[PDB]
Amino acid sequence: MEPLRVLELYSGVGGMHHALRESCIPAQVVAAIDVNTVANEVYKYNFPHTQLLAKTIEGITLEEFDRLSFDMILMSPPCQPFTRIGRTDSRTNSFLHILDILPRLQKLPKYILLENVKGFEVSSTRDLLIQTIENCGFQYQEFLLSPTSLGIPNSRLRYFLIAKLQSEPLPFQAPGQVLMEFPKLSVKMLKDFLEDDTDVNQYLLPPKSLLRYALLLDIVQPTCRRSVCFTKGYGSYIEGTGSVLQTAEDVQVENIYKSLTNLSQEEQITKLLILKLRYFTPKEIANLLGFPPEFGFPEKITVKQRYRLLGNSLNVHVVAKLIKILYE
């Protein structure tokens, strides 16, 4: 009788929208707003029947906002575009316009849920945002949660703020506190998130990369229940970007390591290849991020862009549970 109209800011590749669906709450995306042409392509490919406003948030007038009549705002960080080799940030103005439009709306949205990076919870920008929603009478709670809490073998500590237009306090509210756990199963293995049709070749680490960074790598095996944070650089830079997968069981990493001693560069390359280390594929990162099994990219989107498009994405599973918590 009362389906929620949802506004998705910085829709990117549609992580929020996907979280909306997994929450199984009565809602629908009335509008997606993002200027990234490559991201929007990914968005249409997975959400063809959803309106996508390819505009900056600052360029969307209050009249348009009132017309959309949204009851829920969902926003996650903007996709970091591969700058055209020749080589603008509307973020400050877009964020200010959001703060400026909210009090002037004809219908305040009942729900607000924002996902940002860790560290935001101490910024001056947070204090101004919190200040505005308090003036508008939102009861809120901030979180810092990693998908490991929901049993996903992937570290991705991110910031969350859930806001609800109600006078009463929230049942789980810790005033002035960032909660580190969901309000009151285990960590699955990585093999559950691996695509079995993936070309193991092509994704195998190149030999010169193995030679230089072999012992600086974080090598995980498929039975491992852990993996490090993925950044936009995965697949192009090797240090600090993510874990790599050893697709050659019954070979012990520490044995390859010790046997490299007193070997030539060529013999080490030959030895390290035995481990059959490979990158996680873009689709496999999306699995760990919680994108639905049906999620995919247009073929025109390069592998490099796919890693980049996912590097800054939210975790659909973590956001989906908070949506449920927020909706009761």
The other form holds:
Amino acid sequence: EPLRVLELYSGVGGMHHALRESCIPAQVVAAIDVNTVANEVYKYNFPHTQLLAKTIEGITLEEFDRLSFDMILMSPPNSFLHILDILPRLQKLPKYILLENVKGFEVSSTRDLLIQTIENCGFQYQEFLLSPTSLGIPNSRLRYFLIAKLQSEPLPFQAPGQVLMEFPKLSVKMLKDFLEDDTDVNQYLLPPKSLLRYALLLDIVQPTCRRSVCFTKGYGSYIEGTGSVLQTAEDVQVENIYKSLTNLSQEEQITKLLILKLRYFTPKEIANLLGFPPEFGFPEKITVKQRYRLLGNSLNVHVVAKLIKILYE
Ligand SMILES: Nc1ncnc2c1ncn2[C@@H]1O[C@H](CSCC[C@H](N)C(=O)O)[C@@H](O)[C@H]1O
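Moving from the form solved without S-adenosyl-L-homocysteine (SAH) to the form deposited with S-adenosyl-L-homocysteine (SAH) bound:
Expanding to the full complex; the earlier chain stays at the top.
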């Protein structure tokens, strides 16, 4: 029978999308999240999946037992300590666990607790720090990953006391392959004041580029350090526009900066770069800002999918 998957801290459902891509015999029995905005997006894309809009800390052991899950997929931002407290009390321990977190987690106290708990329960595990660029995706998103399997023999690729920086046994695609034809360029052009203020601090990429900076939840609202911006103007070079800036009045610098036709990648384009399927979308009521915020909290579906494949077989 198919594995019963519990999806905690579900968000827009990146774990569920990764589960479907992995092709393994499994189905999400319960997705859990308190955020009503994330949940409307999740339900919209996964209308037949049980979604529990509840605090994870408030879920009792009985509720977890009734779910009878064989795999936990989670991206914890208390609720986490509760999960750890619940594990040794479950009538049926899940055979699989996959956790995603941020760089630095691998040295944290919380991580030390997680590993102690899972080791005490008989799980073989391996930690990783992976970015989508390792899979030929032109977008950086270095994240922590822990895969664990309930068995006696170590995973074949195990490296004790080490965090693996690559997938166990790239040719990067261009950004053009992830752009949407129907993108309303004018709508996404960076505004004048933002161009001038952040002019020298932008990471400008062209469609033929095979890299882009990590997108944060603030992308599209805050300029600096939140993700690359796209040059849509052809037959103009960034270098020539920037050379022209010294000695021009601020209004003149803006005129020059607008020529590059720099625009934000759209929420759908970020979802594409994150590996979300073609049909993935958002309800009309979800604002562009909410879309960027939700995607910023999500994960790269392709990376997790490959890790699920590794963990399962
Ligand atoms: N105590 C808690 N109970 C339930 N959900 C929680 C929670 N604390 C955080 N969350 C949710 O966990 C998420 C952390 S972001 C995880 C996003 C998800 N991996 C994705 O594919 O979108 C947020 O959606 C947040 O609302």
